[PDB]
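Okay, so here's the structure we're looking at.
Here the complex is missing a single protein chain, while all its other protein chains stay put.
Note that the chains take the letters A, B, C, D and E in the order they are written out, and that residue 1 is the start of every chain.
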């Protein structure tokens, strides 16, 4: 039966002197042991084809927000998918969720990350606003 | 193998004195017996893990549109995910679909609702504009 | 084990004197033999139920963009789902991805198409910006 | 556009 | 408001 995982934000992080914001995740649903949450990053234990889905909810007025979902493994990297949202100029209208997902061969030893390509991006910690999840197929 | 359900809109609904617009759903694809579309909601019969997905196509010009997908059961409520779309202020540009999805544990006797948080919300009855679907994993 | 296919853009194609733009595809992940890409279309071979997903990344400034995912078979067109993105008027902000997905019964011999209803639509060739995928359930 | 008959939606025409 | 209903309240979108 399918290993699965659904994750929600515990905390947000964006180290000084870089233009990236990451999310620290915590599991709310779990089946199997082929994946594991580890602070800001999710480790893959079982090689295999996974459905990977990510939503982040933004409020910045700056041009164009979104996320980059990636895998990293054996000194390597591969951007799996991005989600791009244009935000409007008026701060009260400036709310958008950005959902993207896809099916990827993920390898044992891979760290999966979700990065917002801006420093200190204003994004929701709400469990039903920003999330990340896995289904082994 | 996997039980599934794909529903499309037969009819919009919105009670006076509320700021909610719901949708009346009819199935277009059904396999298995787990889920049953009862007018404006979907009743869960077989407990298990389910991929849920919702799209809505909006044509309002107001600030921000979207949907709330919820399970209500055992005197409890849990919001599963939100889709949030900022709509522009030109009527002839003010068209956007909003899509979100996720994996969640649904228990027998639960009820699934899809609410748009506005009264008299302008949204599409086109079965390929606005839809709601399920896969048992 | 589940059949899967995940396709990325090699080429963008738009026959002049028509209001349509299409993508020539190439797989970057395959399992099973139920589906084959043939340039701008994808031919079904095994009848069954499929999760279909599609994202297109746009940069046009014209009102409202999106895509139409269709199956065509036995002299019948059927439109499965659409994604609609309103675009803003400032070129520097006019970037948006559009993601929709749904579960559908696909028959052997069916031709699957993804079309953008503008001539010469500007959309990304990035494999993690614009893509299309299938999972047999 | 979105009013092509192949995928027409009254909602936007 | 509208997203500030208590059943699905998200502080993120309730003014400022």
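The rule is simple: a residue touches a chain if its C-beta (ideal position, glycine included) is under 8 Å from a C-beta of that chain, and two chains touch if they have at least 3 such contacts.
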In the whole complex, of C:55, C:67, C:70 or C:124, the residue touching the missing chain would be C:124
Residue among A:6, A:31, A:59 or A:82 that touches the chain left out of view: A:82
Looking at C:95, C:99, C:104 or C:131, which makes contact with the chain not pictured? C:95
Across the whole complex, the chain not displayed is touched by chain C residues 57, 59, 95, 123-126, 128-129
Using the document's contact rule, name the residues of chain A that touch the chain not shown here. 19, 64, 66, 68, 70, 77, 79, 82, 84, 117-118
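Following the convention adopted for this analysis, only the chains that are shown with their structure count from here on.
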If you average the CA atoms of chain B and of chain D, how many Å lie between those two points? 23
How many angstrom lie between the CA centroids of chain A and chain D, rounded to a whole number? 35
Of all residues in chain A, the ones touching two or more other chains: 51, 57, 87-88, 95, 99, 101, 126, 128-129
Expected list for chain D, residues touching two or more other chains, is 2, 7, 9
So, with touch as defined above, which chain pairs make the list? A-B, A-C, A-E, B-C, B-D, B-E, C-D
